[PDB]
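A.B. asks: Single-letter residue listing:
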Amino acid sequence: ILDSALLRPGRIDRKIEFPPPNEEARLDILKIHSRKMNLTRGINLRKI
Amino acid sequence: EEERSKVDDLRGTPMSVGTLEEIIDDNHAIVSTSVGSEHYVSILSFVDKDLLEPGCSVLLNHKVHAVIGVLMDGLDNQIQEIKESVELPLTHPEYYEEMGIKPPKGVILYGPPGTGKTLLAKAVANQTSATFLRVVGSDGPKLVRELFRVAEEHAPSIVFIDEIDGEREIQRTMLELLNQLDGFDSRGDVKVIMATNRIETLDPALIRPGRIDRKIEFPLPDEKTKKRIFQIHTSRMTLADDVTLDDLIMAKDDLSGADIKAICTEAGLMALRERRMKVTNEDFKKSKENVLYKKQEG
Amino acid sequence: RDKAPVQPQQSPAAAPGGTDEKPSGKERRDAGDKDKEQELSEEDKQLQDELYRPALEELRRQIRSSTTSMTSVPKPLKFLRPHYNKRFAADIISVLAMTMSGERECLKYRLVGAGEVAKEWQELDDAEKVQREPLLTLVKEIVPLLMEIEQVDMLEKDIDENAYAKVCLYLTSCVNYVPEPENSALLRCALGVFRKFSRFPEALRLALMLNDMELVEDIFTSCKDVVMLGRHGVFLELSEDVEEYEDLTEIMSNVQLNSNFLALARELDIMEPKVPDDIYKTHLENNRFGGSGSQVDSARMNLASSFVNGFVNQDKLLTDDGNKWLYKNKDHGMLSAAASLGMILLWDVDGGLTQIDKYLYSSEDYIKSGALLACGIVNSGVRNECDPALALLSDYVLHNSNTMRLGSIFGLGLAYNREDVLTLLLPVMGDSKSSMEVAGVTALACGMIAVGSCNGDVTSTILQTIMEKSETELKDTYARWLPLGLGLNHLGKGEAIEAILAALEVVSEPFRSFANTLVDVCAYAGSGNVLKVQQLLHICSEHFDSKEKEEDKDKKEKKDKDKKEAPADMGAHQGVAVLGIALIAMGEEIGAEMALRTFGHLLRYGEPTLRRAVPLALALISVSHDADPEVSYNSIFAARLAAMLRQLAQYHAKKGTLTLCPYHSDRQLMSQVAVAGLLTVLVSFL
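Residue numbers (my numbering), protein chains in the order written: chain A, 11 to 58; chain B, 68 to 365; chain C, 111 to 796.
A few of these clues could be false.
As the list claims (entries may be wrong) - Each pair of labels, with its calculated beta carbon distance range:
id : chain 1 : residue 1 : chain 2 : residue 2 : range
1  : B       : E165      : C       : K391      : 16 to 24 Å
2  : B       : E165      : C       : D458      : 42 to 50 Å
3  : C       : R750      : B       : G181      : 55 to 63 Å
4  : B       : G181      : C       : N397      : 52 to 60 Å
Claimed, not checked - One side only, chain C facing chain B, incomplete, derived with CB under 7 Å:
id : residue
5  : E703
6  : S734
7  : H735
8  : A737
Bear in mind the hints are in silico, worked out from the structure with no lab data behind them.
Note that the Cβ used here is the ideal one computed from N, Cα and C, for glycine as well.
Model the full structure from these sequences, guided by the hints.
C.D. replies: Pasting the structure below:
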């Protein structure tokens, strides 16, 4: 990333922060991953 | 028709593609191939033998290899002197043919600003009617030899070399280039214009042996020819009387043709903001600020 | 806003709803819609439905012109009969009525051949005059008739820009896209608007194209009305052809009131500024004369030196250098050497007399004949040598006065519907001498005399000359050079059917058919058509090589104006003389890098005819790049023809019919060497 900042010394770029496992961002994508695989209705995804 | 169609035996099934080396006055030529086989046979029809330009690929056979044919595949005083140098074999001859000089050793162009601005400025002036060749940048000089012979075929034209700059190999290939450009075994062929930035970096062996005629230091930025170039680029464009070219061309430093084309393009683009077909001075400077800040930021 | 609330409004057929809806739609008609107007499919039922109805017709034509159609769009407008600087105005008027009345006038012009569409076209004209944006209405009104009155109705205040632009583009279209018959009305309207306007050298060009006697009188009385002089006189003389300058000089000789028009009628006024200026501001050295004078030999290059010394004129010393030079030479230019004294001096009338008189009535016949020729060359206005050569015209069988007839008649041809000279030229053509040069210079002289004529002449001139031409067939060179002069006589005929009339009148072997198709070649002034194009492509396959060369040479006679279409694929063919056809077709023009590129490829060839073809065209198209093909010739050679012609070109280096005739007649250059003396009489060289 910093190497790309060396190749692109602030010329043209769009910066978006990407924290790992932010949360609310974990839930929906966990549901998406739960769409393909078989999952019961008696499981709590929140705490996990 | 019959005598024309009776040669189908040589051009038929027993046929191959070879490479000719040279043409001999003894009427038996010499060809070559992957294993470098040579076959001397009396010549036949369909061959030019003159404009053929030997050293290319030709037609061979599984037979005796009789060839049935071939297959093709303040510089005013300075600029007037170089004018009378490179444009000497050109229009307005009467100042030449009366006596004549013809020193085809080429010249050397350089200057403090560099960046090929003045070099391309002088090079584009000869691009009216001519065949132009641009070489930028500096195993051996094999490609240099190829350029030399292709410029030997292109001899009735103007050759312009731009941006002339392990380490011991550079020196010996510079000596080789000097020897090849000197025309030891060959007479005057084509005018070669040497163009660089700093003359201090170049060795003295590139001055005396290379050019026997003249070399001139660069006295100033020469806003004149640059004003002419800007006038050429803005000829199709429109401008008002309140726009001064002097301060504009004085402010700009180290720009190329693509650069000025870019800043003019963005000048018109920024003039499209107000939907005006006329570009002002302040809009030109404001547009120039974009590129000026762009390259200096990185 | 949304079209939903106003959507049900169009459903009822009730009158009040429509009547009070229409103004709102007119208010929203500025852009016409915020959408693509797909409502057409819904409102299509209102077509059958019919005070305030013309407004509904306006809406219908509005939407119909909004989407598209080839037919029904203008109909509601022409049925409407409209009655009762803004964005809305410019929108609902300019482009809409432009396309609408454009396709209306187009269809009407392509169908019927009313006054309503005319009045609407005039209203549109006025509206566009209010819009003030030009050249669009012009380029639209090119093909469609009302032209004159419209153009004179358009021009009131602004002059220069409108005149220049419109007339330039319309004349360009006239020589390119627009057919011949419109040129007359075009030039008449142009005559009017230029009569009302300033800057004479436009209507002057109209006098050049139209060839009218009254126009030059108008421009002269206009020059007298408002008062450089000598210069406009110079290119006036350059503009005027034979006929209108004779009408001019006869009416001016009649009155003219100023004495200065007869001062111009004695000429010498166009000649006088040139010489002293050429002596003063321009200079030359003796190196060229010395080298070129010392490099000539073998009695051929000597003839080349006669040509060079003849057409070189500032330095008269070369002519006075040494002696016996004319004595060692034979008639083979001793003729051209005698004509050389006429070629060197375009001035000194009194001096020319004492220069030539030494060679007059001398011991040699060719010397005095060439001297008479020189007398014909020196001055076009003197014409005082007529009578002594006039009395000697009839030689019976053979004499020197035949050659004197050559020189005098050809010189008079260079000097000039005159009856007496024609009647005196009747026994000339009626004699039918074995010498080709006689009828050659006869056809050339009478040709250059008869140029600029109106609709040619069907009279006993061409009648008897055709009868005598068809009397007996020998020496086809006659049947070659005669249609030249005949075409010169038939030049400038707008409505004449004489081409087809000839195609009817003469039906014969390929000889007189070659003559006839030559007349056909000279019968076309040219205009925009696919006819001569398909005729060219069809006749390109002809087995006869001569008529091919001539008819394909007509190309440079036609398209010479625009050099963009001048390059062709003719040079890429297998034809031997076709590359020569293109080589000549290069033209007399500037000879830019493309032309030089063509000459570079056409320089090297195996045939002597092509090798003799290239340097003449190269020298004619160019006036070290000029000396480059010369050095190339020095490389190829180091024959005699090559040397003579390369020197000839060396000194050749450093729509008026006058310059058209000589080279067009010089396309016959391949012939017996006896024509070499007649090679130097070309007047096309300035």
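A.B. asks: All hints are to be evaluated individually against the structure, with a verdict given for each.
C.D. replies: Here's how the hints hold up against the structure:
| no. | hint | verdict |
| --- | --- | --- |
| 1 | B/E165 <-> C/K391: 16 to 24 Å | holds (20 Å) |
| 2 | B/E165 <-> C/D458: 42 to 50 Å | violated (31 Å) |
| 3 | C/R750 <-> B/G181: 55 to 63 Å | holds (57 Å) |
| 4 | B/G181 <-> C/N397: 52 to 60 Å | violated (44 Å) |
| 5 | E703 | holds (4 Å) |
| 6 | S734 | holds (4 Å) |
| 7 | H735 | holds (6 Å) |
| 8 | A737 | holds (6 Å) |
In summary, the numbered hints that this structure violates are 2 and 4.
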